[PDB]
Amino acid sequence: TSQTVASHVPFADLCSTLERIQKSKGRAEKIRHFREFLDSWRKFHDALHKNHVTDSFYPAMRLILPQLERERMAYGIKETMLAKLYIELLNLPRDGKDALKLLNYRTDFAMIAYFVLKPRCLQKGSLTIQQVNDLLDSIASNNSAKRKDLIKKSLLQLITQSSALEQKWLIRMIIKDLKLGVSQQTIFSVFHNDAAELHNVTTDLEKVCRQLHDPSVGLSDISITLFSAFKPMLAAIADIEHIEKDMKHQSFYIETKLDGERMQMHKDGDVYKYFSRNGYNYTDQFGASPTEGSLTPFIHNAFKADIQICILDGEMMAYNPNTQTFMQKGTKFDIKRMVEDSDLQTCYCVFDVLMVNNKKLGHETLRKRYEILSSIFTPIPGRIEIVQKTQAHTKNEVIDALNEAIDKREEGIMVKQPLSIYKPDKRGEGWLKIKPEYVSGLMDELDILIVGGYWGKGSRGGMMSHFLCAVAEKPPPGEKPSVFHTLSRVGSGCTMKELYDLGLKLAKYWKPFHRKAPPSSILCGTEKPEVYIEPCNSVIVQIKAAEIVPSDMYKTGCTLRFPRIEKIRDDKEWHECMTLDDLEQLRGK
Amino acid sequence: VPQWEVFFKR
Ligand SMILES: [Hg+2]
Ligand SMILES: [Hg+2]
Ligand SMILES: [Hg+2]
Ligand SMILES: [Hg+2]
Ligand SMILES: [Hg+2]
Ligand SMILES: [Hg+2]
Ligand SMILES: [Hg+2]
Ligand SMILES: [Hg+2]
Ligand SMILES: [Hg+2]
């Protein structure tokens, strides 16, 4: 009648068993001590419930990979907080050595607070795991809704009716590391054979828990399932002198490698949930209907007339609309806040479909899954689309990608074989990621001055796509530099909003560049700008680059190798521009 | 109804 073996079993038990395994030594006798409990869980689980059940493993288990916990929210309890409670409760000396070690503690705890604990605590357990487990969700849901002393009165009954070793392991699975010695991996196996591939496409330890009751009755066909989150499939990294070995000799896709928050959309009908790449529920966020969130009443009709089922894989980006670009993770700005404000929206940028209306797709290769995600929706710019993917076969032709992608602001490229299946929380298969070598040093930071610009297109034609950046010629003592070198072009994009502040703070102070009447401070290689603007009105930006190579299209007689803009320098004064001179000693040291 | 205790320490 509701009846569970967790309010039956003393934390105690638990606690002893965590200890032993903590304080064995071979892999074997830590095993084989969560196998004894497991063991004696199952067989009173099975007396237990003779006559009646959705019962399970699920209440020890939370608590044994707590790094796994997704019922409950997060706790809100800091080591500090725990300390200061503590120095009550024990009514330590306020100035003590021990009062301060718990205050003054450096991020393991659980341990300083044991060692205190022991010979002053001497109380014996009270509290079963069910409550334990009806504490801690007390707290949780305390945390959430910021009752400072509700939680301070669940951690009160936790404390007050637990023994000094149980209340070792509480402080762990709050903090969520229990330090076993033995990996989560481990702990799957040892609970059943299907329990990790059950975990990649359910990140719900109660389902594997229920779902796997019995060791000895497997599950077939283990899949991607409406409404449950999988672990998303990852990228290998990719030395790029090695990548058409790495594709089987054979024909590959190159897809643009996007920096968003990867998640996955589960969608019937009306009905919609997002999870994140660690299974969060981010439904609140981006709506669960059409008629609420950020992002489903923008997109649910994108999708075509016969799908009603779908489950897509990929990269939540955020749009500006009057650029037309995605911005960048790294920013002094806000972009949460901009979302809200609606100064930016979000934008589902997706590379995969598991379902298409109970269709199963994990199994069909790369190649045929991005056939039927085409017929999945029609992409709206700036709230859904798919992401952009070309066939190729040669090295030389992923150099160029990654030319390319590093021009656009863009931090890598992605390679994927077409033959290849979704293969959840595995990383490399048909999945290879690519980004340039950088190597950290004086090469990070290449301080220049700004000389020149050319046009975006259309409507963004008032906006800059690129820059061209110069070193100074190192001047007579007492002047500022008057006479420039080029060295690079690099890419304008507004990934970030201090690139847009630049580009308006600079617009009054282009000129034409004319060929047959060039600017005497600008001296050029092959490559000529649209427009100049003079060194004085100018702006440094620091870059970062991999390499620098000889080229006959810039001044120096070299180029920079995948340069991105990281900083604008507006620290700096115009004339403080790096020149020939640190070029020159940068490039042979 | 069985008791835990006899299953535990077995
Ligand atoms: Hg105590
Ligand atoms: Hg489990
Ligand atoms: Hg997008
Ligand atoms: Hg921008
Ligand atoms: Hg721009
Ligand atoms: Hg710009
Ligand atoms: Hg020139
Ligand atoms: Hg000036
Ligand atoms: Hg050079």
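Residue numbers count along the first chain shown, from 1. First, how it differs from the form deposited without the partner chain.
For the rearrangement between the two forms, modelled as two rigid parts, a shared rigid part is recorded for residue 557 and residue 504.
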Contents of the next structure:
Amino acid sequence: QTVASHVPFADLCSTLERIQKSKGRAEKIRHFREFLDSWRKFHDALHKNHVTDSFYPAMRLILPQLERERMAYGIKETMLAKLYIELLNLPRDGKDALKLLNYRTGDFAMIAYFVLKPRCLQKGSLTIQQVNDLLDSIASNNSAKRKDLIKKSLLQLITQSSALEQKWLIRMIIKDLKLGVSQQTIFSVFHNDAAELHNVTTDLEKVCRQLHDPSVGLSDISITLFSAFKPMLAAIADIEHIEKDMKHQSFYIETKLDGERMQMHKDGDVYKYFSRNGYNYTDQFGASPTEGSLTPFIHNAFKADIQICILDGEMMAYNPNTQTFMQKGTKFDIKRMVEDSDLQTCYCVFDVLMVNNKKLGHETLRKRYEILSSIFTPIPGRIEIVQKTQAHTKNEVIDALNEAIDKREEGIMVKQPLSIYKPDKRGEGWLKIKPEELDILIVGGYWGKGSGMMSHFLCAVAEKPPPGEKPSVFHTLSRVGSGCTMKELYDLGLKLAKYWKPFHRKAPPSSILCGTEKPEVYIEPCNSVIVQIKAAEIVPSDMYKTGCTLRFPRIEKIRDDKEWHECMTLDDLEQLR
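Given the form deposited with the partner chain bound above, what does the protein look like in the form deposited without the partner chain?
Next up is only this chain, free of partner chains and other molecules.
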């Protein structure tokens, strides 16, 4: 016997409707308080004699974006449209039908409601349980790729509900209630302790079950093994005011990695992995050392004394042949090459929350790092400790950021050493710093510092030729990193290899004029390629012929659609200043 099997889904939607149309935050909260309170009174009425029953059946429909039990619905609003058209017998070429089908972004539920309103007169039949039953069935049949059984499940949902129930059903499926009150507000009204508990278990059900009585608190809410906690986040930081931000004492600068944030929970032969939103990615990485794309290659990297631990880090795609991490944005397909063994998952770890019996959240950052060094012996390309150093200078933070960008990382992290780990709070001890479009030509290259492959390109601008003429002279403007973080850079290097020529300071080429800075090798401009380069500003320089250069230059794309003679010019450079 359960409450949701007794409460009409209609009661829920009335409350949702009463909430949405309310202007003030106070009136909004009030309708929900009212709903929560009747649920509670009835539960006690129901369970006097009796429990695992809880508010969850409703809570999961009220904060549907926090659903974690039920997988994706795989329902497209077009299906809904076509379905309603067939169902309601609407003229397939009329305004209603077309409004639904060609919906962009007064949302889809509103449009459906206004079509349903004069046409659907039924009162609802479903209980909150039944709706939940029906949604289960939709998610399940989506996983099975059974469209007929989704259609049929939607059918039971729709024809058994009222128009308003249908409006909210849709929002519950799209996972956007548009209520006008934050989820944090909702949790606060539900329980003093809800929000905090959810931050250490991304799980509505435990939230509701464990905090069913509003007057019983939990004494020690903490990160538990195999419970998904929300990751600690980093605050945006101004470079000019960083020393103060770090309280004028010594701090950590750590590499900022652009990958999939992931937590690993390990107890002996047993593994779980959770993403930033508390989704279970174990099947991918491996539950056991005999299964997965990662666990088997790292299981034996854990030191002898280590039975249980919890790590925080970034999953990267690593290329063994070039010893590089692959960035998110590429014309190529990371998800499939990783599967095809041209690439491999590498876990890049920057924090530990527990080891064996002890819980580390309230340890200072310094101690967790110290501990981290004793959990496993790193394996390059599978599981690494993130590169970091100790610093105290604004200049240092600048030097680190240049170095990061040159190596094609997105930025750097700055972290205060005494800081504890605060799940889902952004800032505190953790800061992130990122930099804060030219089409120019590659005219030279460098090896060393990377590998074979090139570490950097020397790039230049065109001196505007006579009319009818292609350019013949180039002025160097900037070095830039060419680490193969994307396959197109890899491909470029191989296309370009036949063209490199030794650069001689004592007898340079007439086509490329250099400043103090000299390439090891150059390339005749006609044989080369335009790169599109992102840069923060143009700053003075003696190293390059232009008398200026690019701060934080990154290559965005290779412009194979342009021609070498289409290079931006000194004059093009003038205007950018």
